Amino acid sequence: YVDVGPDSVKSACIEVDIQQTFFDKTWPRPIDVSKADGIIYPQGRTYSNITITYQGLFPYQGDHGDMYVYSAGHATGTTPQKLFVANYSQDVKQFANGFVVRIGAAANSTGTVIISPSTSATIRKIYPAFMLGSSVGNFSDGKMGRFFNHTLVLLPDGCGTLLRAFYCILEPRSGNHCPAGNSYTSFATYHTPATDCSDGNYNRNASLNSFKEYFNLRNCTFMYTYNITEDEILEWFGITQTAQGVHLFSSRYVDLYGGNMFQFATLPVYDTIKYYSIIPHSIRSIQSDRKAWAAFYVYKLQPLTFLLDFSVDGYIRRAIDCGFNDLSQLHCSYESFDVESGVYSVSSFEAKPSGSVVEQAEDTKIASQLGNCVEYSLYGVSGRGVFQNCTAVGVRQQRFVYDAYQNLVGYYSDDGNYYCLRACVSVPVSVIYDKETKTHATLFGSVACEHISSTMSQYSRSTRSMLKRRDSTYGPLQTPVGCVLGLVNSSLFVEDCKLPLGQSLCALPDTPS
Amino acid sequence: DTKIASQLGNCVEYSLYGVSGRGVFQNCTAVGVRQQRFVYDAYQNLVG
Ligand SMILES: *[C@@H]1O[C@H](CO)[C@@H](O[C@@H]2O[C@H](CO)[C@@H](O)[C@H](O)[C@H]2NC(C)=O)[C@H](O)[C@H]1NC(C)=O
Ligand SMILES: *[C@@H]1O[C@H](CO)[C@@H](O[C@@H]2O[C@H](CO)[C@@H](O)[C@H](O)[C@H]2NC(C)=O)[C@H](O)[C@H]1NC(C)=O
Ligand SMILES: *[C@@H]1O[C@H](CO)[C@@H](O[C@@H]2O[C@H](CO)[C@@H](O)[C@H](O)[C@H]2NC(C)=O)[C@H](O)[C@H]1NC(C)=O
Ligand SMILES: *[C@@H]1O[C@H](CO)[C@@H](O)[C@H](O)[C@H]1NC(C)=O
Ligand SMILES: *[C@@H]1O[C@H](CO)[C@@H](O)[C@H](O)[C@H]1NC(C)=O
Ligand SMILES: *[C@@H]1O[C@H](CO)[C@@H](O)[C@H](O)[C@H]1NC(C)=O
Ligand SMILES: *[C@@H]1O[C@H](CO)[C@@H](O)[C@H](O)[C@H]1NC(C)=O
Ligand SMILES: *[C@@H]1O[C@H](CO)[C@@H](O)[C@H](O)[C@H]1NC(C)=O
Ligand SMILES: *[C@@H]1O[C@H](CO)[C@@H](O)[C@H](O)[C@H]1NC(C)=O
Ligand SMILES: *[C@@H]1O[C@H](CO)[C@@H](O)[C@H](O)[C@H]1NC(C)=O
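Going down the list, the protein sequences come from chains L and H.
Residues 18 to 379, 593 to 743 in full-length UniProt numbering are what the first sequence spells out, letter by letter.
Residue numbers for the second sequence follow full-length UniProt numbering, so the first one is 593 and each next one is one higher.
These aren't lab readings, by the way, just hints derived from the structure by calculation.
Some hints here could point you the wrong way.
Stated by the list, open to error - Chain L is nowhere near these chain H residues, computed Cβ spacing over 10 Å in every case:
(1) 593
(2) 595
(3) 603
(4) 604
(5) 616
(6) 618
(7) 619
(8) 628
(9) 634
What the hints assert, rightly or not - Pair by pair, the computed Cβ-Cβ distance ranges are:
(10) L/74 to H/617: 33 to 43 Å
(11) L/215 to H/618: 47 to 57 Å
(12) H/598 to L/281: 58 to 68 Å
(13) H/598 to L/289: 39 to 49 Å
(14) H/604 to L/289: 37 to 47 Å
(15) H/614 to L/66: 24 to 34 Å
(16) H/618 to L/152: 52 to 62 Å
(17) L/107 to H/609: 42 to 52 Å
(18) L/352 to H/598: 31 to 41 Å
Don't be surprised by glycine CBs; every beta carbon is placed ideally from N, CA and C.
When you get a sec, could you build the whole thing from the sequences and use the hints?
Shown next, in the form of structure tokens:
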């Protein structure tokens, strides 16, 4: 196995007090895909200044992410005391095709101490620590997140210039405040700047040794290290897993200023990762020496399609999440960032299922429910649709009435009533796009505004919020063609809008640029 | 193995780290991104 070095020496662990309510903050950072935030550059290829579609794992454009903040522990006077940290060790998550993170984005600005926030200390970048693996379970005290068998460990040591990776078995310890003890609270790791990080001798084993004090390393099968140099600039990092093993990505090695990720390293492990957590960490520094740290963020990858704008220097500079909006769908269909003005069809709202209705004599109370769009089963016949009470058509006791295209038309219930079936209905959608002002509006077709609402329970695509930027303040407007959003009743007469809606309707642009 | 590292050239068969095809090479300017090694167009033809 790997030569891990010496075992832990002290038996007792420094106590970990959970102060998690101090860490509740709301500093969201949604992905800006027009800036190419979070984009993993494609593997093995590069391109010219041409725009191409691409498919791969990416963050959603609308995701605000998850936020975590490292902070100094308790100290008083001129000396260190006990840790006062966040409860992040209990935040077990299901792994889901990797994740990406944002690090140091609040650099060269100020924030607060958090644990004693009134001091208002300036903030600086700090690197994250992580643990990954195939299984989790209870600590002997019932605490969440104990990993089993072998797990990944990623930790910086001391100052951010050294990074280590491990695939190893963790071992519980019988010391006071440690995992086999009944005095255990929660796992944490720490750095002590009062003796660590000398400028002529940075302590390369600093965080690993504090890690060893809570878990003895055993049976380690892999270890790696990497070299980093200090730089307060914002950075991107992330993890994916394939049948070739885990991949590590960073923007630092290749594209430090543009922020595009590149495949920095790979790992030999072939075990599937099923769970993910963040290791909490804290600074042991003296009370007058405290320093606030920049916020850390996490976003989750999904197998999304995107337009990618490539620079002549091959950097991705802009991108569009195709499924984010109906307008984004339009751009992807024309493979461009500048669609010509017009009225364009976009995908329709579907239906929205309703709770099931079942009849099969031979469970309650679903015998009938008229009715909207409730899934159904009738003596092994199934489908989704709306039922209505109707007349009586021949022939009775054949039970299922059908049309010439073999669509079910209606049904004889065992309550003696004929009901008819219309399947379900949908709302067609189109958008009005004015390229000159870069503005838009929408049309719901013949649906009528009695079925239209500010939010949707159908549905089609994840948001329509760009319309809502003006339409949070207005009711839907009925027109002879149909219900529309953000149209306004100006009652103007004009010869040609270059955006006719059909009929005598006309969609004037707001006054020209 | 030698001496076939470069030959400019008209339409010589080639192999580049397991990528292969036939074509002419020319000493032109550089382009982004560096260290992705293979430059391609929108139809996935190798460009450079
Ligand atoms: C790279 O794309 C740019 C456009 O983004 C192209 O630049 C155009 O070049 C023509 C020259 O015939 C000009 O008339 C246009 O005004 C330019 N567009 C601009 C400046 O936006 C350029 O040809 C492309 N180069 C390659 C190698 O594909
Ligand atoms: C990574 O950075 C370290 C410096 O932190 C380099 O390792 C040291 O290089 C000096 C050169 O004189 C030696 O005196 C030290 O003994 C080295 N330390 C160790 C632990 O070997 C190292 O070269 C850099 N690169 C890599 C790939 O590790
Ligand atoms: C905080 O300080 C960093 C220092 O790393 C500054 O980053 C500069 O970012 C610009 C962006 O174009 C680069 O051109 C400079 O080279 C960077 N300075 C360096 C590397 O010393 C930046 O002024 C501050 N803010 C952020 C967010 O990084
Ligand atoms: C840790 O704190 C978070 C705060 O959002 C909470 O949701 C979570 O349940 C906590 N973990 C526990 C109580 O195990
Ligand atoms: C931890 O123990 C509880 C019982 O207190 C159990 O319900 C839970 O499933 C256990 N955790 C895991 C990951 O199985
Ligand atoms: C470790 O992996 C084995 C492999 O099957 C699994 O059965 C077991 O639940 C895991 N955990 C422990 C504590 O052995
Ligand atoms: C691996 O870990 C087991 C614990 O289950 C330990 O007993 C064994 O000595 C280790 N073996 C080697 C060869 O690393
Ligand atoms: C519709 O069903 C009602 C009971 O809900 C019944 O009284 C009525 O006769 C039915 N209408 C017909 C058969 O036209
Ligand atoms: C719009 O303006 C005209 C002006 O006469 C008015 O008659 C009409 O009721 C208004 N509203 C709608 C929904 O068309
Ligand atoms: C062409 O190649 C020569 C060497 O064969 C080199 O010196 C020169 O810089 C190249 N021309 C470029 C890169 O434009």
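Hints versus structure:
Distance to chain L confirms residue 593 of chain H as a non-interface residue, since its nearest Cβ pair spans about 24 Å, more than 10 Å. Remark: the non-interface label on residue 595 of chain H is consistent with the geometry, its nearest Cβ contact in chain L lying 28 Å away (cut-off 10 Å). Consistency note on residue 603 of chain H: stated as away from chain L, and its beta-carbon is indeed over 10 Å from all of that chain's, at 23 Å minimum. Interface exclusion of residue 604 of chain H from chain L stands, the closest Cβ pair being 23 Å apart, more than 10 Å.
No Cβ of chain L approaches the Cβ of residue 616 of chain H within 10 Å, the least distance being about 19 Å, so the stated non-interface status holds. Interface exclusion of residue 618 of chain H from chain L stands, the closest Cβ pair being 16 Å apart, more than 10 Å. Look at residue 619 of chain H: its CB is around 18 Å from the nearest CB on chain L, clear of 10 Å, so calling it non-interface holds up. The claim that residue 628 of chain H lies off the interface is violated: its Cβ sits roughly 4 Å from the closest Cβ of chain L, which falls inside the 10 Å cut-off.
Residue 634 of chain H, annotated as away from the interface, has a beta carbon of chain L within 10 Å; the closest lies near 5 Å. The given range of 33 to 43 Å is respected by residue 74 of chain L and residue 617 of chain H, whose C-beta atoms sit roughly 35 Å from each other. Distance hint for residue 215 of chain L and residue 618 of chain H: a CB-CB separation of about 54 Å, consistent with the stated range 47 to 57 Å. Between residue 598 of chain H and residue 281 of chain L the beta carbon distance is about 30 Å. The supplied range of 58 to 68 Å is therefore violated.
Between residue 598 of chain H and residue 289 of chain L the C-beta distance comes to about 45 Å, which sits within the given range of 39 to 49 Å. Distance hint check: the CB atoms of residue 604 of chain H and residue 289 of chain L are about 45 Å apart, consistent with the given range 37 to 47 Å. The beta-carbon spacing between residue 614 of chain H and residue 66 of chain L, approximately 27 Å, falls within the hinted interval of 24 to 34 Å. One distance hint, 52 to 62 Å for the beta-carbon pair residue 618 of chain H and residue 152 of chain L, holds here, with the actual separation near 56 Å.
Separation of residue 107 of chain L from residue 609 of chain H is about 47 Å and conforms to the stated range, judged on CB atoms against 42 to 52 Å. Taking the beta carbon of each, residue 352 of chain L and residue 598 of chain H are about 36 Å apart, inside 31 to 41 Å as hinted.
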